[PDB]
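This document starts with one chain, in the form solved without its partner chain, laid out as structure tokens.
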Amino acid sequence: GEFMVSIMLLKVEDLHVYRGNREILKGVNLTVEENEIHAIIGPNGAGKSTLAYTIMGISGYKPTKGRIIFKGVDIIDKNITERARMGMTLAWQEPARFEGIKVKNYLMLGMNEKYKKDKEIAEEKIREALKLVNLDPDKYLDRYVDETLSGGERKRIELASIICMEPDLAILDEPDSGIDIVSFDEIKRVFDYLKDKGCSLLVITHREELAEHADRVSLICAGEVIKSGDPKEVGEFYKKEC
């Protein structure tokens, strides 16, 4: 291979986002490459979740200045459904509970077409995803994705949902939240498995254990990317300056 190029999957250009009265994002320049794990670190109120919501096109999160480019398309006038059709997904910090929806049915919703095309393949995929996040398929398939699950179990089911979905870009807002340490290698193996399939993860995290697993980390302070690059160097700068 002669040329060494980099492909951009997502490009956030000088993004200014106003929430209510306050200016949360003040010119964010962020890129996500194809098959890359890009972690976003920073203090509370810096605008990390707001950045994820603006990329997903959550109602109310429209930029006043700048633009979001996904797969070379300017997605500014596209609703959350139009962005999800292109291969983008968001995992919330506290995922929704649903009465009456079983775990098997929830993991089937959003499953990649390459698995849905054959019933037996889709059933094996759900079992594989639960085993990846350390949940016994025979104990959790019949459970409901409701208030009965513990936060850690719900967070693992959300991660299994991403495996089945196999999206082009998975934005994960604190995928570690509520999950015990000891289970942190399983989270890294999920990220590795997703990278192996061609996925790109944009992970917001407070765990250095997970942020150091990314290929690139970006520090965000007061709606601005302060530093970006090596996970350990950017992490050390965070723990000392901003």
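Take the two forms, superpose them, and find the largest set of C-alpha atoms that agree within 1.5 Å; that set is the rigid core. Numbering follows the first chain given and starts at 1. Compared with the form deposited with its partner chain bound:
- When two forms of a protein are overlaid on their rigid core, residues whose CA moves 2 Å or more are considered shifted, and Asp192 is not one of them between the two forms.
- Comparing the forms between the two forms, the C-alpha position of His38 differs by less than 2 angstroms, with the core used for superposition.
- Core-superposed comparison between the two forms: the Cα of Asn29 travels less than 2 Å.
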Second form
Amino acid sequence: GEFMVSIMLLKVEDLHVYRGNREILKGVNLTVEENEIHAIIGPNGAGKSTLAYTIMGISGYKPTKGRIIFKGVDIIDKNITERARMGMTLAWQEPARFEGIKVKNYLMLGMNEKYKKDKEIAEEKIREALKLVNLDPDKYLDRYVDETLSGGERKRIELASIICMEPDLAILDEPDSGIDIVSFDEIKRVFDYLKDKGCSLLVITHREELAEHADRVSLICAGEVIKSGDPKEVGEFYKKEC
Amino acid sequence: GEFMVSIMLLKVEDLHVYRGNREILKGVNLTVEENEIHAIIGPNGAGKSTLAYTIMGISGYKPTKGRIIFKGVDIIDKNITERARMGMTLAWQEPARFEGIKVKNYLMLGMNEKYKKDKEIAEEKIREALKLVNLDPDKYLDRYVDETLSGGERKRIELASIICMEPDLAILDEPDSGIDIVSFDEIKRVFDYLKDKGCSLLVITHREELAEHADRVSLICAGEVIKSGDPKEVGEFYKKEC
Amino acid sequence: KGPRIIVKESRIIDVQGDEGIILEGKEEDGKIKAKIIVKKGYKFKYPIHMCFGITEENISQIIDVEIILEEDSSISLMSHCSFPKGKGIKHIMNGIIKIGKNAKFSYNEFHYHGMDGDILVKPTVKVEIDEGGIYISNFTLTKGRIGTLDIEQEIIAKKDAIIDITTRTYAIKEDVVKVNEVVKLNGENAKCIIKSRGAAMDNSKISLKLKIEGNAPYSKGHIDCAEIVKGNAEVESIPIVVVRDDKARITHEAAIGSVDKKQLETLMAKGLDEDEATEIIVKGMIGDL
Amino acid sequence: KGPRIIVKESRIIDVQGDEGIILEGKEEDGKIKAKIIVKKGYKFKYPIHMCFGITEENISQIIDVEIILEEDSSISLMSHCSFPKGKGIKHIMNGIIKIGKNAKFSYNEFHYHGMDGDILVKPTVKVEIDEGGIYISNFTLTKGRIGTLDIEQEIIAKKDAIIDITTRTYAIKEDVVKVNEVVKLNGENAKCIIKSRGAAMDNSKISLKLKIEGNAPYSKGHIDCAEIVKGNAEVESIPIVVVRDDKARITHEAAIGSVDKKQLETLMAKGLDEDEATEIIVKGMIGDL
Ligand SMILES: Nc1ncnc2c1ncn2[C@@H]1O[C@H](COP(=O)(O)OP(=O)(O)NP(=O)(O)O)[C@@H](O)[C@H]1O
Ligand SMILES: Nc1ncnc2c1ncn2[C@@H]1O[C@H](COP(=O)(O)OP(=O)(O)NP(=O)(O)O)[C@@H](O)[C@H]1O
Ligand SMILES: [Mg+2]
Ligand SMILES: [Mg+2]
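Return the form deposited with its partner chain bound of this protein as a structure block, the form solved without its partner chain having already been given.
After this comes the whole thing, all chains and molecules, with the earlier chain placed first.
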């Protein structure tokens, strides 16, 4: 649909993604508007991860039918670096471990130009991001983002990376799982911080309770967007239909 | 305390567990009564896993001070097999993958004597357990409990193993995480099934929402049981104190 | 009754080949010369058989076979060895396999032996895979006493080839297992996996030399080795990885010795004793479970 | 100014040893004979230094050193090599290390070289560890042209010993890296870890032979190898695992070739191009980041 495209950041039109002989996404229609926290709910194996990797341009996740438009440009021929330079980034669910990369240097990668420039401002933005994800900056700044960290520490550092990057679109694959969340008030405090800065979040989750804190929610069932709109209406449909 | 011990299945008295130079558990007092779903809440690194491994008798998790009494017997000198033969079992959080062990043969391991005996009854109990954890029995019975399964499939098969085993005490390390839970109604249906059979569950969790469905809840903070009792009272204290 | 090659003792009992599958066979007194040719386009989805039976004392079953698969062809071979008497036996197979452009070959060899270890199973297989070809190999020796196993394979792969080699062994008493496999990924995007699984007990001796050469761009390889050690068994694992391209990637993982502590403790939490739990892990390892 | 051994060119500049740390040193014209003895009970927590500087052409710095640590002693040695001229240089170290009952030795060698590769660094280290002993070794050559590296180590460990050996290398131009380490866990509960990290570019040649022998009950070992390949570099990894006890367990993991796809794609999702992302992974791999 080309109505209200002037306020649309991302537009996935009838997307078909195949992984070998199997079709995972069977016609995905999804849009992300400016300054919106749009959540995606669905059961295990519905294609939540597949969709997130296809938008980011991860190798192997190539669409057969359909198009992905970001910032009015069809990114069909754009690679991961080119899509990231447009303002789009991804969380993963299991953030990759890196040999010999310190947290202080990792949080500088992809950092927004409004922080990256001044030295004393970039170093302060790192502290603000680590304090937001409940990590003691002095206890983690000189730690490596390697296998040595716990899954919760590494996923919290990935959330802090999103904060330092401050992207136009942040695709977050299961931000509340892997951190063994105590309460949604801690994840909401990060989501609201990014939203106040002008970011749009494409939060991928299986937890209906997390989706209720988003502005809009889309239910993906077997590679198709069944219901969309109000988080509580589509949430009530998710509790009954499968 | 030796008052009301006649209705106590498990009794952990002032338990101190060290992992090298660090003391993880610093005096744990916890009891599990008969036919009780007793949940344990706490932040990451509080010693939830350590406590679960010490009760099960996992190597390396040896108490320096304090005692663990199960069924009136001090199990200080009992190994994992001996504790399991008393009716105590554990879930792990990340259930181990096994080379060449089918789901149909894995679910027979440790199976309760009331099912294990009759052939047609043992084979039916497996189907009932897999149907309870929302897995299609015919799609998983001949699958291996190896790396090939997803984390959700392997943890659901571990939940089905608990069902077939029907232990007197089932220690469940994070039963709702790793399965990417859609709703608590699916985990409650399994918990109530075990409770109706006469089982006691020692559910280890970080999710306060999961603990409210238990009979009693104990809050572990830095190796110590701070508050205990009503799930909503200790839950309100967990939201504020850390 | 099915396209099969029967060899009882050191003599060919039967040699019958169907349409599009040329099966030649002759004897040079003890030495059997076979030649299998799968014609261009012929994709047989039903498996061909190859039975080897030895019940006589002092038999030297030496078979030289050449398997050629033409462009776009497909065949699956299921070799069966039954050596129950096991006194003075020697099954030696020397093979040359040539898989054509977009052809697919699959081989599965199972052994059933007696309790005496005077048997020597010695397969030597050279495999040449063309652009788009597929090779799947599986050798399983977990029944009775192996005796002395000496497997040697060398695979050369061109553009877009796929190789999957597996070995499942169960060595007992004074058994000797020797496995030496080399896979050379010499074409763009050629992929390979070498998997070794097994258990060694009593006074057995295992030597597993598995090698992958990543010589072309986008060639990928993975060696997965796992061998349980019980009693006075000795195991030696030598997994060589050579990389001659900046766009090639090979990884290897191995675990030799006692069973994993978490796996043992998980089964002991089910009420199984240390011996029952180890036996379950070992049975699953060798494919019995 | 600190307990140190200075060697500029092929001559000993200084030989000073403190209380409880006997430092002997002599010259046999080009050959340096050193002997370090840590006395029983002496646990020095501050690191000893050992500087090797070479600025002259055609220098053969051959040093034979013997390091003995008596029961319950402790020492950390930080060797520094600065070879900026690099024409005709040859640093050869032949060492015999004997770690006593409950003693602890730690060695860290760093190299800073120039851009000419006519340097040959050749350490040969024999280590003998008694009941309860600890050996920690770290060799890092990531600055300038390595030239030709030839490391050879053989460690023998008794009851309750702990070994941690690490190698970080960055091979460029026509560099040659040869690492041959063998660890024999010959005592109950002896534990070992051999870790190799590095990046090979241009026309470099790497050969890494890392071996662990699990010869006693409860002995554990782990080999972790990772080497990035760029340009026309060639890498060969040969990680041998021998197990001679049913209660011993050794595991090994290796990744040779191009950088991990998920790691590259994670950094490219941060806006970094393929070259910037690879450079970040390589810099972190060699310890620069
Ligand atoms: N490595 C793989 N091999 C085979 N199939 C895969 C692989 N990765 C993903 N798939 C397929 O992708 C689909 C799952 O989509 P995905 O979006 O990853 O899951 P999901 O619904 O997000 N669940 P979760 O991963 O728990 O968050 C299934 O049809 C899988 O078969
Ligand atoms: N392998 C290990 N090495 C070092 N410390 C460990 C290890 N395993 C556990 N610990 C310690 O155990 C404590 C964590 O307790 P544990 O019960 O595992 O965590 P938890 O609170 O349950 N969190 P979670 O694991 O997310 O459920 C910390 O003090 C860790 O340092
Ligand atoms: Mg996912
Ligand atoms: Mg845990």
